[PDB]
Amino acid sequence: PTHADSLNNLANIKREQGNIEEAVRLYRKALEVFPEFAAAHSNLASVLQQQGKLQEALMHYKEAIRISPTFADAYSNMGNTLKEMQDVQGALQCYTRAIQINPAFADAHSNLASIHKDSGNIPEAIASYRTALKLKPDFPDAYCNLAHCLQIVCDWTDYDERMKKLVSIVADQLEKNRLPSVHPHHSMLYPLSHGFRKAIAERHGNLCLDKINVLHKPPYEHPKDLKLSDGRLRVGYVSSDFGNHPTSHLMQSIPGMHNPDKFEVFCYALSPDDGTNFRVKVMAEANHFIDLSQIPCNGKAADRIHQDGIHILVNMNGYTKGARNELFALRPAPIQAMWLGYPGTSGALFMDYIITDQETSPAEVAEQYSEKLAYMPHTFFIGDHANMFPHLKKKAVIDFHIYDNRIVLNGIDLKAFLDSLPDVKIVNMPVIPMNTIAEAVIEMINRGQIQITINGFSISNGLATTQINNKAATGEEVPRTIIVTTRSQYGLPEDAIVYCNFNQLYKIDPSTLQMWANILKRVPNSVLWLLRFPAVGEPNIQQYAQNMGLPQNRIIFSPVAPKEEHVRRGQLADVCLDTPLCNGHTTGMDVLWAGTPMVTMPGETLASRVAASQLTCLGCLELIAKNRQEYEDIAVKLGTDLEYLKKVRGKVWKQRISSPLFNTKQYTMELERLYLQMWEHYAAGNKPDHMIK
C-alpha cells in the first residue's frame, strides 16, 4: 500500500528523468508489493506502449480496468494501444466504454472521432470532435483534427477565423515546447509561416530521436570510399510504398535503370508484399531487396542497413503512413536524403539533403528547409506513365468540326485497327468518319455494353475495364484491347469547354473555388469537372458554387476511377485547372500524360510549386501564372481562343514525349550524377552543402 505508492512515485520520477528501464523495474517492484495497484499497471502499460511493446502494455491495461471499473482513462489509453496494434474494432470498443463510464471525458470522444476519421467516416468524426470541444473548449488536438476533417469535405464555415485559430494554437504549442496538433504533412494547407512549418516537422523528427536514444546505440562507422563495394556507390531506397501506391506509380522503373557498373541498389521495404506487379517489379530489378517489415526492431533494421554498407540512404516517406524515420535517426549511412514521397521538409538534423529542383525550391527560400538543397536539373518529379500507360502515347477520334476530345480511341493495336477501316482521315491524329463502324461504338456506350468486336479487333467500353482485365485497370498490366473513352460516359457536354481537376477535394479552398467561378463566368460554354473525392464534399462545393452565382449544371462530378481509367479520361478535358494551395503532384503527371494543358499558380511552399516545376520541364512556361488575375486570364484565353488552345494542346501532346518529364532513363542518370556529387563531397571530408549547380 504505502510502500507501493512510494515505488510508483519513484518510477514516475525515474520516468521523467528519461531512465525508462529503471521506471519499468520500479513499477514491477510496486506490483510486487501491492499486486492490485491500478495506477501502477496503468503507468507501466503507458511506458511499455511508448517503448513499442504493445502486447505487454495490453496485459497491464487489462489489469488496470479490472481493479478499477471506473478507470475511464485506462480504457481510453488501452484503446490507443489497440489502434496502434491495428485492432480498430477493439479500439472503438475501449473508447466506447470510456465514454459510457464518463460521458464528459473529452479525450475519449476525440479518440473515437479519430477512428471514424481514419475509417473514412467524416461526418461521424466531425460529430465526435465537436462533442469533445463542447466538453473542453481548449483542446488543440480535437480542434486541429476537426479542421482537417472540414478541409477534407470542403466545409469552409468561418474559414478565416478557423485558420487564425489554427495558427494561434500552433504558435502556442511551439512556445510551450509541446507536439503541435497540426500534422506536418498537412501544414502546407494552413497560413502558417515557413518557420512554423519547419518547426512542426522538427518536433516530429525529435520524436524519432527520443525513440532511438533509449536503444543506447553508438554512432555507426561509415565507409570512407568505394573500395569494399568494387567502385560502386551503394544506394538504399527506403519506402513503405513498394506496391500499389502512388510512389511506385512514379518510380518503379528507377531501380532497374541504375547503372550496375557504378551503382548497387538496395531497396528496403517497410511494408509486406501486397501481391501486386509493382512489388514484383522492384523486387526483380533492384540489386538487393530487403523486407524490413519482418524486422520490427528499428535497432536491428538499422544494423542491417549498416551491414549492407549503404553510402546514401534515401527517405521516400517523410511523415507518411508506414514511415520508420527512427531508421534514419540512427544514421546507418553517411549521407541521408529525402526524395519524392514527402512534399516538404523533414525538419530533422539526421536528414542531410532534400532532392528537389530550382523551380520547386529556389535558393531564396532555402530557409524553409532544414536539409541542404540538392537540385535535379529539370524537375525532381517523375512518373512511370511511359511504361504503365503506353497505350495513351497515341490516340484516334471518331467524328460524329473535328474535336480531339469528344470520342477517343487508344490501344497498342490501334494502328492495325485503323488500317482495317476505309475513309480514315489524318489531320498526326487519325479521324474515323461517322459511318456504320462509328454508330456501333456509340451504341455500345449507350447500352452500357462491356465490349464489341469490329473487324476482329477487341473494342472495350472505357467504363468497364475492371470487368475485362482488373490488372489493366489498376495499372499493373498494359491493356491488350482497344478502349473507347467519350464525354457521354461522364455526362460532359459535347459542345463546351471542359476544365478539370482530379485531385482530392481537400486541396481546394475558398480563394481557389472563387477563381474557378470567375473563369466559368467568363467562358459561357464551359463546365468544371471534379471528383467525388470524397462524395460528401460534393454538396459543399455545389453550395459555395451556387453562392458564387454558378448554377448546378456548371460543375460536373464523377466517381473516383481505377488508375488507368483516371489517366485515360483526362483526354476528355480541354484544360486542367491546378490547385494553388497544394498542387496536383502525381495527379499533375497524370493529367499531362493525357496531353491536357494545366494552368498553375506557384506559391512558396514546395507543395504549391510542383506543378509549375513539371510545366517548366515540359516546356510550357505560358501556363504558369504569377498571380490570380493571370491564372484567370490564361484559363479564359485557353477556353475562348480555340486556335491557341489547339496550339497549346499540341505542344503538351508532343512535349510529354520529347521533354525530359516522363523520361525515366534520363531521370535515373541525372539522379546518379547528383548521387556522385553528394558522395565526392563527403569523401573529400566536407559536411553537406547545397548542390545547386
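In this text, the rigid core denotes the largest set of C-alpha atoms whose superposition between the two forms falls within 1.5 Å. Positions refer to the first chain, counted from 1. First, how it differs from the form deposited in another entry.
Regarding the hinge between rigid parts between these two forms, the matching entry from 213, 102, 419, 62 is 102.
Rigid-body analysis on C-alpha atoms gives a rotation of 13° for the smaller part relative to the larger between these two forms.
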Second form
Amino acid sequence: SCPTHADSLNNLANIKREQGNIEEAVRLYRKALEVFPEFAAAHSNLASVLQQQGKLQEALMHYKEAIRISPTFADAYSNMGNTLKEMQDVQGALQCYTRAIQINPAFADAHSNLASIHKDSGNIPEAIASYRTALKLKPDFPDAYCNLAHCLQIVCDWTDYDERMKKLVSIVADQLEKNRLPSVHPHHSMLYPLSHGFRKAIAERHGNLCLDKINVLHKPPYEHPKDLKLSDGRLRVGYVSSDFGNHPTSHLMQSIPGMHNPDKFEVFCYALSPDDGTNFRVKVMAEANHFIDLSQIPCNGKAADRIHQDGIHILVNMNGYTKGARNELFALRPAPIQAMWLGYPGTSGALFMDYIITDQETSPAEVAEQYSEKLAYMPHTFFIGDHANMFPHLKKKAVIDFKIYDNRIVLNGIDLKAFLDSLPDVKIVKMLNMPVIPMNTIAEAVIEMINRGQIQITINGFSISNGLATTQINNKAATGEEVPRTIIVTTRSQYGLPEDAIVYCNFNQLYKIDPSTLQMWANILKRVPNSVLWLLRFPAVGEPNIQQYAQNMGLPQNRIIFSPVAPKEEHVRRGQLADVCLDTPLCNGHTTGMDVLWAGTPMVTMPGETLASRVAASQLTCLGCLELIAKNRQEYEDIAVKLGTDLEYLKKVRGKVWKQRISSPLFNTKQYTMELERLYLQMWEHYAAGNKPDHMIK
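What would you give as the form deposited in another entry, now that the form deposited in one PDB entry is on the page?
What comes next is one chain alone, with no partners or other molecules.
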C-alpha cells in the first residue's frame, strides 16, 4: 500500500531502463503498481516501455490510467497520442495532442506531435507553423528541428540553408554519440551532408526498433533448409512488399514474378497491404506461384512462422524503411538468406539483412563501407521498369508539322500505323523512323480539338483523343492499369511550353532540389538563350519559393514553367515534349529516371556518393550513354548547354536514347529476371556450401 515503496521500485525500474534491460524494467514497474496502483508516473513509464515493445493495445490502457490519476499530466496525453497514431487511430491521436495543448499551452512536444499529423496528411504549411511553435517553446528540440528541416526541404524553403545543414549534422552527431535514436529518418538521410558512416548508423539504429518489438515474442531461431530437396529442386524466393498495388515499386517490378523460370524457382509474394483493387495487384496475384496476404496476419510472430513454414530460401525486402514495412519479419530471421531489393535506396544498417541487390555503377566496391549488407551485383543496373509492358503505345510516335520537330505535336497509339495509312501525304523521316503529318485539313482538326480543349474527335473512323483528357476517356488507361485503345495527341501548347524553345525538364518532387542544383540550372538557362525549365507543382506550395530563388539568380519568371502533377500515363507520355531532362544530383530521379528515358528524352546526371544519387548514372550506363554522365558541376552544365545549343548533336543523342531504350537491357524485364535468377543461385550455392554471406561481385 506504500507510496514510498512504490516510488523506489519506480526509480529502480528507471535505472534498469537506462541500461536497456527493458525485460526487467517492466517487471519492476509492474511491482511498483501492485504496491501502489494509483501511481501516475509508474503507469506512464510502464506504458511507454510497452509502446517500445509494440504492445500498443496494453500501453494505451496504462496511459489512460495515468491520465485518470493525474489529469494535468500533459506529457501522458502526448504519448497516448503517439500510441493511438501507431494504432492507425489518427482521429483520436489528434484529439490527444490538441487536449494536451489546451491543458499546458507551453508544452512543446504536443505541438511537435500535432505538426507530425499535419505533415503526414500532406498539409505542410500547417506542419511548419506547429513545428515553429514547438521550437519557440523549446529551442533545443532535435525531433522538431529535423522534422521542420524536412518540411522546409519539401517546399523548397532554403532560408539559412547552409547553417541549417551544419546544425542537422551537429544534432545527429550528438545523438549518435549519446546513444540516442537520431531525429533524421533513414529514408531522408541522403538529402543532408551527413558524415556518412552517420547514414549507416542512423539506419542501424532504426533497425534496433524492431529487435525490441520481436524479443517480447521470445521466438527461438528458425531451422532453415539446407538443400533444395523438399522444394523439389526449386529455389523458393519470397518477395515481401507493402506495395503490390498502385505504387511506384509495382510500376517497376510487376512483371517479374511471372517471368521467373518455374523449373528452377518457386515464387512467393508476401503482401503487407490489403488488395487495393488495382490491376497491379491483380497481376502479381495471378502470376506469382503463391500469393500470401500478410495484412490478414497482423502478429509478426505468426507471419514469420508462415514465411518459414512455406519454406523460403531467399526472402526479399522490397521496403526497407518506407511506409508499410514490417522489418520485424526480417528481424525474426525466418529465411537463411535475406536481401534488400529495389524499393528502398540505401542501407538498412541492420544485421538481419544479408545482401543488398545493387550494381557496380550504383555501389562501386570503393564505397562498400556505406552499407552494412554485402553487395550483390546485377550485371548492368539493379534498376528495372515495367514501361515496355505498361506503355507500349509510346514505342513509336508521329508528329504534325505546323510551319521537322520531334517534340512539338506528338501522336501515340497502338493503331497509329493504321491511321497514318489512311492519310494522303505522310512523310517518313528516317532515324526505327518517324512519320510526319503535313499541315492539311486533318492536321487542323486535330489542332482545333487541342486548342478548343475538347475530349476527342473522329477522323477516318479512328478515335483521336486529347492527351489532357485521358481519365475521362478510360480511367484505367490513365493510371497505367490498361494500355490506351485510342490514338493520343500530346502538344507543347497544352502545357504552355513555347513552341520553338529548348525545354529542360525535371519531373521529380521538389524536395530533391537544393540551392546548388537550382544554381546549376540557372547557369545552363543563361548560357542557352530562349530555353525554359519545366518543373512540377509537386507540391504546388513549393512553386512560389522556387520562382523566388530563381529571380534572385537573375531568371525572369517566364523561364521556368510549372505544370500540375499528371496521372501516371500522361506523366510518362508528356516527357516526349521535353528536349533534355536535367536530373537532380542530390537525390536522383529513380522511377522518374525510367519514366523520362522511356519517352526517349536524354537525361544529364551527376553521380554523387550516396546510392540515391547514383541511380540515374547507373540507368544511363546500362542504356549505353556515357556522354550524359558528368564528373562535376562544370561538366554537367557543359553537357546540358551543348545539348541546347548544338541542335545536330541533340538530334543525335535523342535518337540514340530512342533506340537504346529498346535495344539495351534497361527495360527488358525478361533479361533482368534471368540475371536476378543467376544472382539468387550464386547466393544459394554459397550458403549451401556452408558459408556466411560475402560480396557477390562476379
